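What follows is one chain in structure tokens, specifically the form deposited in one PDB entry.
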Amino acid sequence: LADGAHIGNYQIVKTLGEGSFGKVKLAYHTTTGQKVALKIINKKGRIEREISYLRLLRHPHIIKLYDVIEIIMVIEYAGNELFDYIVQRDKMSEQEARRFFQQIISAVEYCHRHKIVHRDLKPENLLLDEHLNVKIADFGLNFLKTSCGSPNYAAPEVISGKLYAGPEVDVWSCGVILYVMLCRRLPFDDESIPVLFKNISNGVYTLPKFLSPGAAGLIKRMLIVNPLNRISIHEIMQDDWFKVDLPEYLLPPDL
């Protein structure tokens, strides 16, 4: 039950995080040795509905909810972080960046379809598995992780704490994300908190010249202050720059 060991095919390894109910512990499947993530819960509503609803969501690049076993969740485990891999390789190609951006955007499209807005797309939520596939965590309706997002990646609507943050906020975050993989620098960022918020609020940032007309073009339409003029996920998936070398499994049925 504790960091000791064993629970129906799974042996516990070492708590990964704590959180209001139980903890999250690393564990490896008894026979296969597949690493897994065990989120424990109990001692309390429509959460069970949620947990049940998550076991249905499946996507190559979203951390999967393998199966529920107190209340053990059994989640897919990815140990590395997308950006740790990116800093490693000095200057990865624009085509290398795009490859990741496509997996991410596809994943977002997938969730928005199932009516789930992430709202917290940031580096600590972009993981990678042994095959270099992105795995987005924290998707679906602890002190190691803060409840409020990393400002540098939040849309104006979020910085300003608007009562409604629609799927357009994910596009903005993805905008920042794309920007950083290509420019290796944050779009908005100042040592002064208030100034960082000012810039984000007025979409104040500069696009580096080494950016292809394609990339810079897409970034531009994603980082738009007015939620209504911000480009949509589907428009992004139909973009020429985006489309290049786009793996078929990433394109939904309707597109």
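So that the term is clear: the rigid core is the largest set of C-alpha atoms that superpose within 1.5 Å between two forms. Residue numbers count along the first chain shown, from 1. First, how it differs from the form deposited in another entry.
With the rigid core aligned between these two forms, only one of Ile231, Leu246, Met237, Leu16 has a CA shift of 2 Å or more: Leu16. Residue displacement note: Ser192 has its CA displaced by under 2 Å between these two forms (rigid core superposed). Shown in the overlay between these two forms, fitted on the rigid core, is a CA shift at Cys111 smaller than 2 Å. Core-superposed comparison between these two forms: the C-alpha position of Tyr205 differs by less than 2 Å.
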The other form holds:
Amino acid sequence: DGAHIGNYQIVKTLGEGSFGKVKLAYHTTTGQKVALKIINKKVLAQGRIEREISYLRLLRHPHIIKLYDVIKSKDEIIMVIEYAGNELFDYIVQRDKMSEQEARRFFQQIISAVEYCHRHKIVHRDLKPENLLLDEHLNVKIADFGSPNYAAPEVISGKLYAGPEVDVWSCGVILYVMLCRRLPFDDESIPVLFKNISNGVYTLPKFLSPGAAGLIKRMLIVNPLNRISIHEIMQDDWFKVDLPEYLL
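What about the form deposited in another entry, after the form deposited in one PDB entry?
No partner chains or extra molecules come along with it, only the chain itself.
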């Protein structure tokens, strides 16, 4: 409880909860900021935590949150996660509308990460800002593994199945939001909202470039079968523009 911990110097507890207790800290020699997610016996009331860890361990990507260490005992499971002090959410809200160039930059980074997940047979299923962190060089970091609005028709239901086509849908809502600073389906009326989603009822503003209009249009297809795939996205002309080498 302990202002230090084998390489890591505790600073202060960011938040608290059931098992929760989440403190911030940093590498003694490297200086890297880190969150320590603490867990224990409470967890008796488990499967999703092993999921997290195995998942985060398996995924080494510039745009997926890093798991530096998992420290176990007969009580505690302490996770040593990479720190990012902001969300993409905040960045969106606090500035007004962002240039096509800017959203392609973040977008490329998100899609990159997602394509990596899928390659390793893992689908996110809850993509959204607030699951999309930002570091200090303004880099997206997927964080998870709050809003019904980025959730695909197959997720909002629970009769059909949620495949990788589903992160694509999310990612299309995320694009549209960065681009329009308005949610494609947002409604005060819960039913009207889900109706809209399941019917893919939304407006493409006319101010959208033909390239972005086009790519969003193909991401928000109700029928997973006609929905664009991750691979097909990476070969979109609008998407390729200024697409960094490393993201290949």
